[PDB]
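2 protein chains.
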Amino acid sequence: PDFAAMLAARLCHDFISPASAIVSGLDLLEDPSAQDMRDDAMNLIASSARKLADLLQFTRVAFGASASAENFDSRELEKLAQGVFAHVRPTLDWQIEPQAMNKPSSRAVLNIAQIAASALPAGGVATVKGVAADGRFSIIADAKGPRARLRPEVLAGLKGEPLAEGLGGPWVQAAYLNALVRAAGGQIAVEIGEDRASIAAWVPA
Amino acid sequence: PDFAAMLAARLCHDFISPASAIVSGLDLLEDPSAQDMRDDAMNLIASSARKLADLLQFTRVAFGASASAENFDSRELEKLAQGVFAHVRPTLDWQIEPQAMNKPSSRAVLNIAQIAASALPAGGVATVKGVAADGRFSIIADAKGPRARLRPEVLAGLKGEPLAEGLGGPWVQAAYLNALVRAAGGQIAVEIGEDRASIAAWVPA
Ligand SMILES: [Mg+2]
Ligand SMILES: [Mg+2]
Ligand code: NI
Ligand code: NI
Numbered sequence: 021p022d023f024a025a026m027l028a029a030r031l032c033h034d035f036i037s038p039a040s041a042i043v044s045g046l047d048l049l050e051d052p053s054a055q056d057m058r059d060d061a062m063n064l065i066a067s068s069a070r071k072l073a074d075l076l077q078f079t080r081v082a083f084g085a086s087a088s089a090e091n092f093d094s095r096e097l098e099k100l101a102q103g104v105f106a107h108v109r110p111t112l113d114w115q116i117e118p119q120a121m122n123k124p125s126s127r128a129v130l131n132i133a134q135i136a137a138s139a140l141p142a143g144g145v146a147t148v149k150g151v152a153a154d155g156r157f158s159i160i161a162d163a164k165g166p167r168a169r170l171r172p173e174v175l176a177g178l179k180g181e182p183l184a185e186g187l188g189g190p191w192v193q194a195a196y197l198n199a200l201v202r203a204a205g206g207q208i209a210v211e212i213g214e215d216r217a218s219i220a221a222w223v224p225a
Numbered sequence: 021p022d023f024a025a026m027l028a029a030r031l032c033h034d035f036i037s038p039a040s041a042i043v044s045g046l047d048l049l050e051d052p053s054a055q056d057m058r059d060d061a062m063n064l065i066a067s068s069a070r071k072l073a074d075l076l077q078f079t080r081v082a083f084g085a086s087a088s089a090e091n092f093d094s095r096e097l098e099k100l101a102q103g104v105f106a107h108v109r110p111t112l113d114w115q116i117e118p119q120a121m122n123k124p125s126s127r128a129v130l131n132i133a134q135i136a137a138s139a140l141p142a143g144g145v146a147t148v149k150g151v152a153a154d155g156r157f158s159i160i161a162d163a164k165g166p167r168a169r170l171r172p173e174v175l176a177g178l179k180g181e182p183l184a185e186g187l188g189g190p191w192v193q194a195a196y197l198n199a200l201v202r203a204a205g206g207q208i209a210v211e212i213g214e215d216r217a218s219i220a221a222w223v224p225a
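Protein chains in written order, with the authors' numbering: chain A, 21 to 225; chain A', 21 to 225. A prime marks a further copy of an entry chain.
No lab work stands behind these hints, which were simulated from the structure alone. The reader is advised that the hints may include incorrect statements.
Here are a few chain A residues that face chain A', going by a calculated C-beta distance under 8 Å [said to hold, decoys possible]:
| id | residue |
| --- | --- |
| 1 | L27 |
| 2 | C32 |
| 3 | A39 |
| 4 | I42 |
| 5 | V43 |
| 6 | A89 |
| 7 | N91 |
| 8 | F92 |
| 9 | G180 |
| 10 | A184 |
| 11 | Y196 |
Per the computed footprint, the stretches of chain A' lying under chain A, defined by three or more beta-carbons under 8 Å from a beta-carbon of chain A, are [claimed, not checked]:
| id | segment |
| --- | --- |
| 12 | 24-31 |
| 13 | 37-43 |
| 14 | 70-81 |
| 15 | 85-97 |
| 16 | 198-209 |
Pairwise CB distance ranges (calculated) [unchecked claim]:
| id | chain 1 | residue 1 | chain 2 | residue 2 | range |
| --- | --- | --- | --- | --- | --- |
| 17 | A | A120 | A' | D47 | 27 to 33 Å |
| 18 | A' | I212 | A | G143 | 55 to 61 Å |
| 19 | A | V145 | A' | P141 | 47 to 53 Å |
| 20 | A' | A153 | A | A120 | 40 to 46 Å |
| 21 | A | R58 | A' | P52 | 17 to 23 Å |
| 22 | A | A106 | A' | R58 | 46 to 52 Å |
Each residue gets a CB set at the ideal place from its N, CA and C atoms; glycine is no exception.
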């Protein structure tokens with residue numbers, strides 16, 4: 021249950037930031053000595069709560085969905101990925117033409133979009149593409165911006181390799197994406213250049 | 021990655037209730053037509069946020085911790101289990117004498133306490149015991165109250181059996197607890213009586 025626990029640790033870490041923020045915000049509201057910050061506290065509760073909703077709507081499909089056969093609308097996927105990009109620096113350029121997407125496609129695309137975002141820790145553009153053609157659905161996310169970089173744990177996860185030294189959270193997501201694309205019969209590919217990275221997957225459709 | 025995804029689905033489902041509540045609460049604050057409920061809305065945001073913190077502090081150790089060697093204080097565990105019992109009907113009677121507990125003991129006890137609570141869907145007492153003796157640490161939770169009941173999915177999970185028809189959320193927790201107690205070298209036992217159930221585990225210590 022080592023894999024499962026690492027994924028749970030990931031989820032907990034992402035949710036804990038905005039949840040702590042709400043708590044803090046409300047502590048400030050009640051503290052008779054911080055009345056100078058009432059409005060910033062109230063804004064922080066509102067925004068954190070929105071951040072949490074966005075992260076939970078996303079995590080339910082990206083991580084929580086089952087292997088079971090089910091189509092999603094790509095517009096709804098755009099919406100989930102847009103929600104997660106709202107709370108980090110890079111911008112999202114979603115280019116999948118609206119259409120229904122099978123379940124591996126859908127779990128795959130959401131994960132790919134976020135790995136692309138977290139490859140851009142000083143901003144940039146994550147361009148998301150996805151075409152149904154030739155008995156497949158083929159996804160590619162291009163991340164572009166300063167110091168764009170797939171960390172080593174991400175790359176080892178995307179190849180299904182154990183985690184060496186590097187962070188569990190980035191890894192578990194990448195390995196999870198690898199395992200689900202392999203169980204589906206497809207393949208992961210990566211490109212790395214100067215100020216750029218891209219992550220690609222195909223799956224049968 | 022089927023097991024991992026089910027655990028993620030569990031986590032998401034538990035967190036989504038109070039997070040939606042906060043969102044709703046704040047929608048009521050802003051809605052110029054529900055000003056009649058301003059105080060109940062504000063109370064609901066405060067309480068939901070507290071519920072979330074309690075669930076996240078608990079989930080980080082119950083689910084998120086690694087197999088890696090690490091002691092916890094039982095008082096701190098009491099605190100985590102108390103937090104989760106705050107948001108359901110049954111009451112908790114923690115009887116572990118304060119002492120350090122190894123990692124399998126600790127993941128085990130937290131899970132056992134909550135399974136005991138969710139066995140009491142119309143209230144009652146979950147009594148939690150835990151003794152270090154004879155090269156072991158041995159935990160038992162007794163749930164007592166009307167219609168106390170280990171559901172079939174819980175029992176199949178506690179034995180490591182696949183999930184048949186029954187709910188994924190109760191199951192995944194029980195299987196996760198089984199896998200971690202087995203990887204540690206210990207065993208799970210269950211008792212079932214009228215208006216009572218108990219779940220027990222030992223692990224080497
Ligand atoms: Mg996440
Ligand atoms: Mg939970
Ligand atoms: Ni577009
Ligand atoms: Ni006590």
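Closest C-beta approach of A184/A to chain A' relative to 8 Å, hint status: This hint is violated: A184/A lies away from chain A', its Cβ roughly 15 Å from the closest one there, beyond 8 Å.
Hint check, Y196/A versus chain A' [nearest Cβ-Cβ separation less than 8 Å]: Hint holds; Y196/A Cβ to chain A' Cβ min 5 Å, cut 8 Å.
Restraint check, 8 Å cut-off on beta carbons, for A89/A near chain A': violated (14 Å)
Beta-carbon spacing of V145/A to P141/A' - inside the hinted bounds 47 to 53 Å or not: With a Cβ separation near 50 Å, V145/A and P141/A' satisfy 47 to 53 Å, so the hint holds.
Chain A' contact restraint for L27/A - C-beta distance below 8 Å: With a minimum Cβ separation of about 5 Å from chain A' (threshold 8 Å), the hint on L27/A holds.
Given hint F92/A near chain A', where the shortest CB pair must fall under 8 Å: violated (15 Å)
Range agreement (Cβ of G143/A with Cβ of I212/A', hint 55 to 61 Å): Given a distance of about 58 Å, which is inside 55 to 61 Å, the answer is holds.
Interface hint compliance - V43/A to chain A', C-beta minimum distance less than 8 Å: holds (6 Å)
Interface hint outcome for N91/A [beta carbon to chain A' under 8 Å]: Check failed: Cβ of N91/A comes no nearer than 18 Å to chain A', outside 8 Å.
40 to 46 Å as the expected CB spacing between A120/A and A153/A', which holds or is violated: Taking Cβ atoms as reference, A153/A' and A120/A lie about 59 Å apart, which means the hint is violated.
Evaluation of the interface hint that places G180/A against chain A', nearest CB under 8 Å: violated (11 Å)
Outcome for the supplied range 27 to 33 Å, where the beta carbon pair is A120/A and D47/A': Holds - the Cβ-Cβ distance for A120/A and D47/A', about 31 Å, lies within 27 to 33 Å.
Hint compliance for this structure: hints 6, 7, 8, 9, 10, 20 and 22 are broken, all remaining hints hold.
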